[PDB]
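Based on the sequences and whatever the hints tell you, model everything.
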Amino acid sequence: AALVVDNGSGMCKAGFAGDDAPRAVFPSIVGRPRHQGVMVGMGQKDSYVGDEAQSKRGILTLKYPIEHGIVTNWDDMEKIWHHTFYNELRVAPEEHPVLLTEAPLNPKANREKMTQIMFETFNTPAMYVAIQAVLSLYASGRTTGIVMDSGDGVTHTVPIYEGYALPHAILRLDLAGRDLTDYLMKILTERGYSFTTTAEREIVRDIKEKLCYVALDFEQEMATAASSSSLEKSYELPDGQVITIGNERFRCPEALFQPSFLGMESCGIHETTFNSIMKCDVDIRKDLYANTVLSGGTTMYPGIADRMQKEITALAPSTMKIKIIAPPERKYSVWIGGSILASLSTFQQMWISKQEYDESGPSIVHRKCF
Amino acid sequence: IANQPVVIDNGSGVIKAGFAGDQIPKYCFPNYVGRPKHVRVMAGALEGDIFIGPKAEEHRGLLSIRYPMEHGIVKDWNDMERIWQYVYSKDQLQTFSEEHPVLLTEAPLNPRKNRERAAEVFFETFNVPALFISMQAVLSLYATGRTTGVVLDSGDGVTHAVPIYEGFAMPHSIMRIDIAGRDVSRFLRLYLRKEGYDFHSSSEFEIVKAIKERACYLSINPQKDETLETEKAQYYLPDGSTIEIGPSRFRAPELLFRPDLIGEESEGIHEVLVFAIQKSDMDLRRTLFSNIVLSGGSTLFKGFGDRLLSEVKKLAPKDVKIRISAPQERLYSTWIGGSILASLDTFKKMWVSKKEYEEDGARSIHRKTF
Amino acid sequence: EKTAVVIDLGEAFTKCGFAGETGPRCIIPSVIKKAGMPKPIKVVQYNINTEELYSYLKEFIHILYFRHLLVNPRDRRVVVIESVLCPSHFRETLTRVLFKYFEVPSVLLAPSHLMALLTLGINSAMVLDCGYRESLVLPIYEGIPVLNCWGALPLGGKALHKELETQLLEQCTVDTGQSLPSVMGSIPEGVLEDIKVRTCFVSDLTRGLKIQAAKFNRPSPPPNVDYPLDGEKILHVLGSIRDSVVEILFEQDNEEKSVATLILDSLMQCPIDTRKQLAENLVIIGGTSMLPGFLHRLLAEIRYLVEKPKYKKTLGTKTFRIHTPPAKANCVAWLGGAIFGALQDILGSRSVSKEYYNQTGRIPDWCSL
Ligand SMILES: Nc1ncnc2c1ncn2[C@@H]1O[C@H](COP(=O)(O)OP(=O)(O)OP(=O)(O)O)[C@@H](O)[C@H]1O
Ligand SMILES: Nc1ncnc2c1ncn2[C@@H]1O[C@H](COP(=O)(O)OP(=O)(O)O)[C@@H](O)[C@H]1O
Ligand SMILES: Nc1ncnc2c1ncn2[C@@H]1O[C@H](COP(=O)(O)OP(=O)(O)O)[C@@H](O)[C@H]1O
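The listed protein sequences correspond, in order, to chains H, I and J. Using PDB author numbering, the final residue of the first sequence is 375, and nothing's skipped along the way. Using PDB author numbering, the final residue of the second sequence is 376, and nothing's skipped along the way. All the letters of the third sequence, read from the start, carry residue numbers 12 to 188, 193 to 232, 239 to 390 under PDB author numbering.
Warning: the hint list may mix true and false statements.
[Stated by the list, open to error] As a list, the in silico DSSO-like pairs of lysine-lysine whose alpha-carbon atoms are at most 27 Å apart: (1) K81(I) with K333(J); (2) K119(I) with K238(H); (3) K119(I) with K215(H); (4) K81(I) with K331(J); (5) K238(H) with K331(J); (6) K191(H) with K285(I); (7) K191(H) with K334(J); (8) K81(I) with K191(H); (9) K297(J) with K50(H); (10) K96(I) with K81(I); (11) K191(H) with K333(J); (12) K278(J) with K61(I); (13) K334(J) with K215(H); (14) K334(J) with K238(H); (15) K375(J) with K230(I).
[As the list claims (entries may be wrong)] For the chain I half of the interface with chain J, some residues (derived, Cβ under 10 Å), not all of them: (16) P42; (17) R46; (18) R72; (19) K81; (20) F193; (21) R199; (22) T233; (23) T248; (24) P253; (25) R264; (26) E270.
[Stated by the list, open to error] Facing chain H, from chain J, some residues (calculated, C-beta under 10 Å): (27) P122; (28) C291; (29) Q298; (30) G337; (31) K339.
These aren't lab readings, by the way, just hints derived from the structure by calculation. For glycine and all other residues, C-beta sits at the position ideal for the given N, C-alpha and C.
Given below as structure tokens:
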């Protein structure tokens, strides 16, 4: 009926209104080869969208217009979107209204640029963009809750109390798994696993999803893992290389708990969320203690809820019970939350049509934000 | 030991050494592993392969020379050992490891394994009672006297551009490229092969490297001089063979800044330096523009610094005064600073004793390393 | 419409035929039989007067189209089967003969491995060309010929001919009119080549080890037939002789320089994807490769060299499935040129227009502008 288009910071997801499985599950990454003196290989594309770039990853320069979600060259992602239509659903955007994703503390010019692409370029009959965390809590089925949203490009805890705007405590945080992967390939380089390009990064981010977990006592677990030679597990890679990871698996996510590893001049994720907590009414924060909504697909980690929980629990009073809300499908609950969100009665009226945009210009984005 | 410390002007392509008090590394020679070009199974061949200096500078169409440290990655450990023994001999050191303190210098992107393995040889085969491993940028700063600075090096393949203010160990400011004149000359001889000049042997290519260090420059108008019809000045080999060079005399080195047709779309350290600029802050950036240091041997080029000046001028915005310090002995600047560091009393406490190495080893290396 | 002129080239030969031509219409070498001159002067000449070459080009190209074509090519395009490393200025001398002298419609330069990729109809490939005087390996990354990874070494049959003349100095039982060890001065290498065509059989890898034993501390010289030359010049050559000339292709002692070394290291600079790719994306071209008992002995030694210390870890377990040429490996490149010129008239835009060379007088190669 509509177009529920998710814009994942890493991969992508999409589909119509009310669709259950995300159709455009492909890398939301841009890539181009080394356009040099050689000729074309039997005729082929210039830009390589997702899986195409993922396929011939040895030469295609894996880039992103995305800067922790901030798209620089909108041409990239819009051509990706065109092909995404004519790739997954093969439907024009003019017959079905679109639904998009966003993150707080985003410059409005980004969304307005996006908007004018949908109208001037895509000619969508109606359109809408909302925060991913809303879809996460939507999938949970709540309205009161601190939706700790965590994309693989950004992070933003979203405290809500009966679907109400609390942006003073809501804080965007450009925390990407890519950043961890940066540090990870760096520490691998001193471990003899010296690799440079982004193809290496794709392989090791998949390895990050393979064995990089979250321990419980980083230094103690670090010393024991240093002693636990069996924990330094190996895996013969697609290439003849094998790996060795025992510390690295949990050594790398401590940068989230400790900005010191990167010198982010910030706080660790657990107390960062607690800092966002500290910007509210402590008695409704009690509900937020119960509303420990751990969301964002970049939270699919082994031993992460107890870690984070225990940390903030040490920060919280005894009566302030942490009650984790974290379904393993929270990664899909973003797009699926938008997919079922499209089926909302009020939302079928809450729209930004052609003339609504044109006759208002990009100014309509402000009140039509949320 | 309480003797004159061995000041070493280390390197992947050029490794020299001397002592404290000396103003010059007494025996200047590059990094190379000289093996014969023939089967040394039959008696009366170039066996031993410990051909450093005149032995390598003796046989030309009979030696297939090798190179151990490849971008800070040394694999010919035993070949390094025999080169060390050549140095330890009375032609270069005239003393022993036990008899004199030794100073080791490094650069970033060096895995711990190289340091550990080299320290094993240096404290077990050779036995330095006063040995210390350090950097090279620090020594270049010692030579320049500065402490605040965007230090750069132009080794054989060693190129780190880390902005270091007042000797501040800033590992997040690390911007190291592992490529220089080595592969530049390799594809410059590929150009020679494009115009019919094959140089497949090491020495056969070492002559080409002598041209690289002799008849190679940076035409500050690369595409303009490229579009301009060249004249191709004739070079004369030790054989005296007439060889024209022309555009290729500056093509491959200008290709460092413009890696367009490499496949390895590198940067040209100015871009990497702008990335390091981003790592720094405008208040410090403004100062560090004036605080730029160059090192290594690949800096030696006609129109080198001025071309890079033009590069950054096209990069940096207005009211940005940049100064790039670069003496004539960028190679020796490391050795000069090594003698300066040798003259430091803190350095005496900074070094790891042989017994200290026996106590910990790798942990002592990476803990007492700085 | 029109059948573009597909012209094979190279250090040794220069073949040709129509677009899509299936069959060796003729085989011309890379020389010119100069009138008055008793010997056919070569064309593969470097640091030489391009003007006498320009004359060779005019005459030779003229009679060349009269050989393979017997008709003026001013109607159709010309598929120029080039390869890298040739002097681009010399290539432009060819271009000025074409446009500035014969006024051909348009031409296009393409390497041999590209046409090999056209023959297999695949995209990625790790192909080696067994050139006349040299060796030429070229990897392809899904239709993209890899630049930094390559193979190019003076490792062809010409050096083997030098080795053959060395054997002629050593093994020479030329009868009277009964040894006569190289009493006759020069040797016709073309005759020597056809002698190899009718005699140079290739042994086994274990026989390669026998040749290693022949180097230090003799086994199985037969099959071996003598060679009678006209004018009472009969001499015998062992099979171990020609097999020794084949086996010396991998002397890696103290230098680590061979064919497989070049291939392996070219793959060493490749990334993870390209590693397994080129392991399965593998083909071999070149006429010199077409030897009886050499490709499998060769392949066995390649698989053996996978067991070299720095290769089991790094490369090791990789299936080296190799594509096969549907015809003679040498002609297969020309066949790929025939493939391109056959059904690709649309690609005349990529072909170098005469107009550009008229208004330009040059062609910027893979450089700037
Ligand atoms: N098994 C796993 N182990 C470790 N990490 C995982 C695992 N599964 C998923 N992840 C994390 O999920 C992240 C990708 O999920 P995420 O939904 O955040 O992608 P995204 O592109 O940011 O989507 P969006 O931008 O819509 O939030 C990866 O960075 C990875 O760290
Ligand atoms: N005139 C020159 N032109 C180009 N490159 C040079 C020149 N002089 C030296 N080099 C390069 O710089 C290297 C020496 O710098 P150095 O820092 O000692 O290198 P490394 O640290 O890799 O040994 C040489 O190996 C050579 O590659
Ligand atoms: N059937 C064959 N057996 C052995 N060698 C051959 C065969 N056919 C051609 N060759 C040789 O292999 C080389 C490939 O031919 P060509 O394409 O002319 O090589 P190049 O491109 O180096 O001239 C030539 O030297 C040729 O003599």
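Hint by hint, which ones does this structure get wrong, listed from lowest number up?
-> none
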